[PDB]
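Student: Given the structure of chain F, go ahead and fit chains Z, D, B, E and R onto it with the hints provided.
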Amino acid sequence: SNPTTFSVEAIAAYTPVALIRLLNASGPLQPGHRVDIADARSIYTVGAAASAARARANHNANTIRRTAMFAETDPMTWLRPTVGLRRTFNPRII
Amino acid sequence: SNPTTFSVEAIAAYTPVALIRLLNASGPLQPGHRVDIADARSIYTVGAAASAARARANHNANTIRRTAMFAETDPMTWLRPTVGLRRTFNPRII
Amino acid sequence: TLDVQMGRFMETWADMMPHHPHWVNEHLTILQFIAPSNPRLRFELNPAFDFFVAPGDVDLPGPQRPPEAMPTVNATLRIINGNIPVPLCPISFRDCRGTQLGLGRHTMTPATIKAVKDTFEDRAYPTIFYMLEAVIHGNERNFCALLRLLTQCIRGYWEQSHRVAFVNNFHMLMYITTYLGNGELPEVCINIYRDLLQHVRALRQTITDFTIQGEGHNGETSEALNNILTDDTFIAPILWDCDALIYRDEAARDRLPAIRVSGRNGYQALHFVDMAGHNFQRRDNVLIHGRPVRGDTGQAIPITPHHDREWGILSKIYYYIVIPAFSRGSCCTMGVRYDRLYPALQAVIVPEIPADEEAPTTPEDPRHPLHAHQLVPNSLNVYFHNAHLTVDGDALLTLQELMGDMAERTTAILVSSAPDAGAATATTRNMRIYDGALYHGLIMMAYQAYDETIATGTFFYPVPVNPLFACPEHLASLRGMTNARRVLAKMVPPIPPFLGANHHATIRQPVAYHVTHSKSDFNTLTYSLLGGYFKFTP
Amino acid sequence: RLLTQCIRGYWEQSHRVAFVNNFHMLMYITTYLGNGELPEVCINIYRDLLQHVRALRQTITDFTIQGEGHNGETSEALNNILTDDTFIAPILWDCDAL
Amino acid sequence: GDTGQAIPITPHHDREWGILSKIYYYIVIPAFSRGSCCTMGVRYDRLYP
Amino acid sequence: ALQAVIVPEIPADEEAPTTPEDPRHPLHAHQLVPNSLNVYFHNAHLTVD
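Protein chains in written order, with UniProt numbering: chain F, 14 to 107; chain Z, 14 to 107; chain D, 515 to 1052; chain B, 662 to 759; chain E, 809 to 857; chain R, 858 to 906.
Since the hints were made in silico from the structure, they are not lab data.
It cannot be assumed that every hint is accurate.
To be verified - 20 Å max Cα-Cα, derived SDA-like pairs, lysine to any residue:
1) D:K1004 / E:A839
2) D:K1004 / B:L717
3) D:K628 / B:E701
4) D:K631 / B:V702
5) D:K628 / D:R669
6) D:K1033 / D:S606
7) D:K1004 / E:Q813
8) D:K628 / B:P751
9) D:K628 / D:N705
Stated by the list, open to error - In silico negatives: residues of chain E with every beta carbon more than 12 Å from chain Z:
10) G809
11) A814
12) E824
Every residue gets a Cβ at the ideal spot worked out from N, C-alpha and C, and that includes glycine.
Excised from the complex, chain F in its bound form:
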């Protein structure tokens, strides 16, 4: 995060981008500066996806861990069959 420093948009920019619910793209821009720009777009998309996935962080005390989803090995599979959970319930745990 430092020293990078922070996203002014600016087409340099930095890869994380670990913000939550950002009112920064709009926001001012205002507008973008006079840079050649090619990506920009791809690195912003990867950084936003990584920022959201890290921005989960919590809600895993509310999980209810993930499952095998469908029926597949599960490398034991010689003394009981395998069945996955259809994810239709409410993962809340209270």
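Tutor: Leaving out everything else, chains Z, D, B, E and R in the frame of chain F:
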């Protein structure tokens, strides 16, 4: 506000007029005096619109700031699309 | 990237035709067609062949600019018997034959007919369904990852307008019938989906009924030698996975195939593209197959089809009978703009619910995701609120783990083959059939032009490949459309020449005219279209 | 909000349809307030009126023959009047028709 | 776009809007009203206050 | 496959749970472990005590 002084109707009269929910037009008149009168009326309606927009003043503690309402720039438009809101929600915050 | 190609076609086509084409005038009656003033009369000699004028000394497919040469008369094979022109084979005869075919077979109850007809003529259909159908892209893993969100979305769309969602593409009603059919959805919706699927299987059983088994020549089964919807050489108008191409390439094997995927011949079929290596502006011929679940992706692992061969037949039957019988020439096939769709899906404002607290359900509390206090502009909550649908926090959070599997971009696939072994003499092998398809393409039911909450052409751009899916009104979504191009495409169905031409394709203009100018019924229209799709091979 | 409340209040008290004289009202109701703000019966009525209008337009374009235009006039405008651009609506709200 | 002062006037909607408006006003309105409706102007100076 | 039942223990002088919303229900998500009979019953969306 002062000194002009107050609206007795009177056709001179003054442009603000910064009241709200006035029981003054009717009210007495009673009737109007001996003035040639042509406007009056236009200054009255712009003063009334100003005296309503100013008489909002509050109710902005429950805004919920206004949006673009349509899909227009928004001077970036190169790293995400732009979508406006349809104003059908109930803005009160509470 | 299929935008520049469509723009070049629309620029060249504004002055390519100086007169009315002779193959679109199918509204002639028999007395006017027969009369000697008709210039098309002298080119109708053999009932199994179409005759036209063609450029000489050109090897199809040629370059983008058509080379200058003297015109010569070429011929092609009328594969279907529904390609016989409408003055020679009328609409009333086709509808009576369809009534004859559907004597005791399965019919659709009027409830699902009314609901599907309502959702096909809906102009306020929410675009969030199109974005969801584009980003799931027909993978079973993504659909079962999004089960709660799709259940809440379908329920919210059903018990507010009494219409049926996700009906445009075929890889949704299988997944709804198989997975969301045990009681997650209400009783009427699953009955509607099951009735649509029952009608599709009844059409397939009718195909099997009117053929004779045990007669297979050169690795072609008898139904594929009789019908077209059971022919594995012919492919669906839109594709979501590379299984149909594998079945077509292994099925024909003697009728000389040639498939062109955005440049050089052949496909690469590399699956499991994720966030690290997406490369939206890819100029290669790499197609995204998706993740098979029971196995490993790897790199040296050979590709396998997801589903059985019956899935391709049912998809062809659905897209070629049920969709044009309901839409009646109003739906159009288009690709998607993934480089604008994917950044718009990364904005979710699911709040921070503290521990030992209940998750809010109603949207009247400030902690709900679709409460107005967290209804920030330019997000996905505004997309869901414009559609007036209620979803929870976790239903919006499931897209994050949808994002591990993604699609790069849409592309246009032009396959070609010789006619089948039944009608392949020494002179019909030079005649070839050219038909097009859209990899990772979408179909919208009806087009809205006056919905200004989303700017036009933001996600979808019209690239139509069928006479059935001709869209004279969807072309306003394309950038740079004039009134001259609109009135030019109103009378002639705009098909780009890099996706096949009308006279060289399998599905031609007369079956489209039959599906767009018949007013009989909805069951008898489907059975009449099925009686249309029978080969004229001896 | 105000128009939704007004239409709902006029609907579920006398079962009648509001804002039906103006043509630039039912298009805006169908396009914007058609996703579920209004009850399930009203939006069906507005969609039915718009669908009947478009069916009349398709009937107009069915009985003409395209591809025969003279002096930069379309064949539908040369055959009919409701597709003729010279003829104008009785009520104008915008200057685009002129 | 913007309002401006020197920007020339563009149409709000496409050509099909005029055709549908003419079809509505000249067919659907007189079929339902049966010659009872009447076009009138408005008095904006007595309506806006 | 029929050996695995994940019914929890209910304390004495307490009412048995009926709705599947409480954590004490066998078909609640807390007592929905993979590869047991409870996921077989939950796949069919069937409620049992």
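Student: Under the constraints set out in the numbered hints, which ones does this structure not fulfil?
Tutor: Checked against the structure, the hints that fail are numbers 1, 7, 8, 10, while the rest are satisfied.
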